[PDB]
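First, one chain by itself in structure tokens, the form deposited without its partner chain.
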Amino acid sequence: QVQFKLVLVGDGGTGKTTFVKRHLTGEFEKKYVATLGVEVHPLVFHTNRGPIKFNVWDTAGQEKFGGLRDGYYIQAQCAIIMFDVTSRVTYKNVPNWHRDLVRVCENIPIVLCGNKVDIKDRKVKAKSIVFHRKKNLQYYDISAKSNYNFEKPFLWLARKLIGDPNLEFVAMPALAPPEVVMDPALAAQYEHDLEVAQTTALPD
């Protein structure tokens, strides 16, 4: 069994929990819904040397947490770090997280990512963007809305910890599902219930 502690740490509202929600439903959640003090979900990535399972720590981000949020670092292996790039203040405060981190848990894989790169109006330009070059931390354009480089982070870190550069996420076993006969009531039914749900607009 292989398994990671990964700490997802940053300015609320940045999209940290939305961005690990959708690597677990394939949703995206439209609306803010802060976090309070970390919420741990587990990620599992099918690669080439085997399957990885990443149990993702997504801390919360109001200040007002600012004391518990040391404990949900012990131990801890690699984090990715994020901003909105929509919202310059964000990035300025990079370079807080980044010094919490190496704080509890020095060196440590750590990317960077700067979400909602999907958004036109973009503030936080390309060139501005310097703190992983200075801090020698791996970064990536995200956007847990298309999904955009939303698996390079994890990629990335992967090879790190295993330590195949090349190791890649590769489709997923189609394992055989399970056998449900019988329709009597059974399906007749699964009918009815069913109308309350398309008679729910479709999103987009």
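Residue numbers count along the first chain shown, from 1. Rigid core (definition): largest C-alpha set, two forms, superposition within 1.5 Å. What changes on going to the form deposited with its partner chain bound:
Lining up the core between these two forms shows that one residue from 148, 140, 57, 65 moves its Cα 2 Å or more, and that residue is 65.
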Contents of the next structure:
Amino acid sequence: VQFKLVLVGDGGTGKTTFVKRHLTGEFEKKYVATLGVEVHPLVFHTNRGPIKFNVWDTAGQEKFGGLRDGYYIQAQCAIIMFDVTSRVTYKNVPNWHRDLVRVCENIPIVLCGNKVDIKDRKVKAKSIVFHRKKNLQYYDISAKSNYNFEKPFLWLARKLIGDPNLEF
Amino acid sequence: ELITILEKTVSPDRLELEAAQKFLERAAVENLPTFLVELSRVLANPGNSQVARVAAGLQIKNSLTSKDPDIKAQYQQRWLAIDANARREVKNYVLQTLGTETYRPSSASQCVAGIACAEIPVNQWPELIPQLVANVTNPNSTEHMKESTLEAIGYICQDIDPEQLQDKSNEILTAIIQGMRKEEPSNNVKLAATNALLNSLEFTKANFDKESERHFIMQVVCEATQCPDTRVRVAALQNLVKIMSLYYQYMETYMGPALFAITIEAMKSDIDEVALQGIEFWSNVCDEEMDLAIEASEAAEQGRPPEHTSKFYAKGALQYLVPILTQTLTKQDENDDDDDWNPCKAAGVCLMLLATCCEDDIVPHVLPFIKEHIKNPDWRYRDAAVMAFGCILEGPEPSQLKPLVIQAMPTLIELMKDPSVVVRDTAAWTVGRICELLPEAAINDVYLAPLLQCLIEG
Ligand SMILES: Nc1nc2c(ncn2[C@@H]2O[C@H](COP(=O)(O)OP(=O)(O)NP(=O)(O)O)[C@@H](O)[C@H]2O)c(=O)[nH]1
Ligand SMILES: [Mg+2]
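Same protein, the form deposited with its partner chain bound this time rather than the form deposited without its partner chain?
Below is the whole assembly, all chains and molecules, this chain first.
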């Protein structure tokens, strides 16, 4: 049981770091922009057997987009990432969402606010309202502190499998 | 071998994707006209796999636009510089694919919009809008034909500078309503049309200024909120939310004789996605009215309030919203998680927005429910009681907010040892919020302090 998951969001929001953390458990301190896309399978053990997410970690930098949109073909779910320490990354969220729905019909999409470990958040909870507008699931997240780091995948898994009782 | 490389775009091997990407970029540089004509042919052939058709469509679309306004301007120029006959070829194949894709979001629609944004402002595809309008209204048009072009129409309106397409807004709006109207048999078509309207709301600003047309748009939207299909209802409710945000000042004539009952009904729906929007409608009204209040807060001055006319819809619906919201705080399953974004969670957020929006009138409306269920044997109601209490601690002046000390506190402390973990966590949440408000009601030196101290351990 596997699903194509496309990870999108502005450059530097921590998409790659987030994936590596789940992959190796290591925290990437450097910022090395992703070129086009990097595909990594993530396996989660659940009370209903292992579930595999083929994560298409896309580039947030306009110049390194590669196929960009083309990576969404046959995606079955997605995670939209923005940086809680950067207001502009939350502002671009609607654009990432639009790109996703113009290619993917009715896939489960989770919105993630990353870097909540950082002292002062530039994008505070009260300002985050896009999920209410489009009925999306939202999560404060931190690839560094692992705060809620499995939540996005748990919600998607429950959504794809059709079992609200699925546990990791 | 173009189809072969387009087929590789879905492969997980970076080596395959890079090879495909390098091949596509080169072909574009080598001979853009032939590349786009061939890509459009792959797109048009219903014999091609979905991967091949979508990939071809996105290649074409990404040659005509960019998130970068300068790159986009250059791409649009690059296209316009292409041999007009070749472009006619791409345009023909693209339009001809509308209605031939067996998958829902179609890729030809994006191409149509990409080319439209470049050619319309220079007036070069005069046959576009008329053809699309006819595709929607033709009685013999298939459902796929209708969906495809409605998507395209919406994308065009969402993407071109308004100014360049106003000369045909009325004709565009007419097609969109036709696709939205009750008599339309397909829910997929109604959905595509309702989505097209939503993507086109900002583009229809001019039309919203025409009373007659404004009435017709609200007409079809409200009706769509009554469509049996859940997806159409949700999309229609989303239109009302967006309309309230973009056209707040025209809502008087519709609020009361229509919007109120529709949104109230949606909030009570057992279909979660529907209740969510019914709730968002009012949470959104609070956000808009809170602005009209920060705007109006201009005893700094420069004339009268800009164009502010907060009609305080929230204040007026408060008596009806609360009992619905507090009841919604009761909808929690044994498998629901504290932070799932569901009606229960949305109601809490809406309550708090009403709390700061109508800083006082809430207390009187919420207290009854708190007192009736703060000890209810059912944890859902018990939890709802505690949560509601905490949703009114932000707004009401601490003076009135002292009904936490006397009665609340003792029980709020006990509830933290409740058999139910949900109840416990919410109790803690509420108690924590009380610590933030206490200093506001500083009343009692060396008593406000020790309390905070003891409380802190909890
Ligand atoms: N403090 C903090 N830093 C984080 C967190 N997650 C990511 N970072 C940092 O943010 C920077 C960028 O992360 P990266 O994974 O490269 O982001 P990206 O979203 O993949 N960028 P791109 O789209 O260009 O490929 C790195 O310095 C990384 O260590 C987090 O939760 N907290
Ligand atoms: Mg990176």
